[PDB]
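Visitor: Residue strings, one per chain:
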Amino acid sequence: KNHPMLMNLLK
Amino acid sequence: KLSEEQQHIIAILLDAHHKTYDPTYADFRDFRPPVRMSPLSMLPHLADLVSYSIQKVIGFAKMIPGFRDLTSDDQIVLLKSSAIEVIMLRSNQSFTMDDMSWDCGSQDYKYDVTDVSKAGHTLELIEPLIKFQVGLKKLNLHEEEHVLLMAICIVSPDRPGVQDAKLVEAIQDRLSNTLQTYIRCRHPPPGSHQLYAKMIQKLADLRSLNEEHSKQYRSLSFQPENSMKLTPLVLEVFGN
Ligand SMILES: C=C1[C@H](O)CC(=C/C=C2\CCC[C@]3(C)[C@@H]([C@H](C)CCCC(C)(C)O)CC[C@@H]23)C[C@H]1O
Ligand SMILES: CCN(CC)c1ccc2ccc(=O)oc2c1
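So the protein sequences, as listed, match chains A and B. So the first sequence is numbered by UniProt numbering: it starts at 640 and just counts up by one. Take the second sequence: its letters are residues 123 to 159, 218 to 420, numbered as in UniProt numbering.
These are computed hints drawn from the structure, not numbers from a lab. Any given hint could be a false lead.
Straight line, CA to CA, 27 angstroms or less: simulated DSS-like cross-link-like pairs of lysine-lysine [said to hold, decoys possible]:
1) B:409 <-> B:260
2) B:123 <-> B:346
3) A:650 <-> B:141
4) B:311 <-> A:640
5) A:650 <-> B:311
6) B:346 <-> B:409
7) B:409 <-> B:123
8) B:318 <-> B:141
9) B:236 <-> B:382
10) B:346 <-> B:311
11) A:640 <-> B:409
12) B:317 <-> B:409
13) B:123 <-> B:311
14) A:650 <-> B:290
15) B:236 <-> B:290
16) B:395 <-> B:141
17) B:346 <-> A:640
18) B:409 <-> B:378
19) B:290 <-> B:123
20) B:311 <-> B:382
21) B:260 <-> B:123
22) B:378 <-> A:650
23) A:640 <-> B:242
24) B:382 <-> B:260
25) B:260 <-> B:311
26) B:409 <-> B:318
27) B:290 <-> A:640
28) B:318 <-> A:650
29) A:640 <-> B:378
30) B:123 <-> B:395
31) B:317 <-> B:141
32) B:236 <-> B:123
33) B:378 <-> B:318
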């Protein structure tokens, strides 16, 4: 939830 | 005995750690330089090391069996709450009893109590951080046990905000049972004595280390002049 960089590194 | 599945898990976690942990520390040349001249002198350097270390912990986490069956939101909750803990655990590999420091290959990249103070933290964190490192070092873990401990720490069902706790528990259980069973079959006495329970104790020490760090981090980061010295990834992951 508003964690664009973490979500990117996780994809 | 140690099942085929359990042997597979350990092989996976070893490989994942090796891909995400360079024991030469070659990438440390990309970090803002260290300065040990100067309040918060070491903050740029250590902010960068942690930001890198965050990325590497994510790259480890992704390769944990089961981790990806988790929703993206749960993956996020688990990494956000465990990141500092896994950086503390993974740092034990560079940490040396010889002089109570993290030894990353060269004098430039060797960090002690004073360095961590020059990054905005106090002894209320650093002292029990060093003692943790010493207690973890004394266990003399097999690399297999090390990678399983980091994995078990990432996949903890109790972290607040976890929607699908039962799936997180089942994933963790597979790793916990792999670890109990590995200690029994491959870790000879006396080093194996209560070793599991001493490993889980370290997970409890990490909760307390996490809390303290979160609180010193809040105080550090509220000051917009220090938050300027951090990275965007450290800001998103630890908070803003
Ligand atoms: C690659 C690695 C690890 O990922 C991290 C390494 C060391 C870890 C350290 C040594 C210096 C002090 C560190 C960074 C601690 C320090 C309190 C983190 C501070 C982060 C901040 C943003 C300033 O709050 C945590 C872990 C400690 C070296 C090496 O073993
Ligand atoms: C040889 C390919 N790579 C990544 C460089 C690695 C790195 C570390 C390990 C560690 C263990 C393992 O079983 O395989 C590995 C492969």
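Visitor: Would you check the hint for residue 311 of chain B and residue 382 of chain B, treating anything up to 27 angstroms between C-alpha atoms as holding?
Guide: At roughly 11 angstroms apart (the allowed maximum being 27 angstroms), residue 382 of chain B and residue 311 of chain B satisfy the hint.
Visitor: What's the verdict on residue 236 of chain B and residue 290 of chain B, does the C-alpha distance respect the 27 angstroms limit or exceed it?
Guide: holds (19 angstroms)
Visitor: Is the hinted pair residue 378 of chain B and residue 318 of chain B satisfied, with a Cα-Cα distance of at most 27 angstroms?
Guide: holds (11 angstroms)
Visitor: Next pair to validate is residue 317 of chain B with residue 141 of chain B; report whether the Cα-Cα distance is within 27 angstroms.
Guide: holds (22 angstroms)
Visitor: Given the proposed pairing of residue 290 of chain B with residue 640 of chain A, does the C-alpha separation stay at or below 27 angstroms?
Guide: violated (36 angstroms)
Visitor: With a cut-off of 27 angstroms on the C-alpha distance, tell me whether residue 640 of chain A and residue 378 of chain B pass.
Guide: violated (35 angstroms)
Visitor: Take the C-alpha atoms of residue 409 of chain B and residue 318 of chain B, compute the straight-line distance between them, and say whether it is at most 27 angstroms.
Guide: violated (35 angstroms)
Visitor: Holds or violated: residue 409 of chain B and residue 260 of chain B, Cα atoms, limit 27 angstroms.
Guide: holds (20 angstroms)
Visitor: Does the structure keep residue 123 of chain B and residue 395 of chain B at a Cα separation of 27 angstroms or less?
Guide: Given that 27 angstroms is the threshold and the Cα spacing comes to 44 angstroms, the pair is violated.
Visitor: Could you grab the alpha-carbon distance between residue 640 of chain A and residue 242 of chain B and see if it respects the 27 angstroms cut-off?
Guide: Holds, at about 19 angstroms.
Visitor: Quick one, are residue 650 of chain A and residue 290 of chain B close enough, alpha carbons at most 27 angstroms?
Guide: violated (33 angstroms)
Visitor: Would the hint linking residue 346 of chain B and residue 640 of chain A be met if the CA-CA limit is 27 angstroms?
Guide: This hinted pair holds, its Cα atoms lying about 21 angstroms apart.
The structure shown violates the earlier hints numbered 4, 5, 6, 7, 10, 12, 13, 14, 16, 18, 19, 21, 22, 26, 27, 28, 29, 30, 32.
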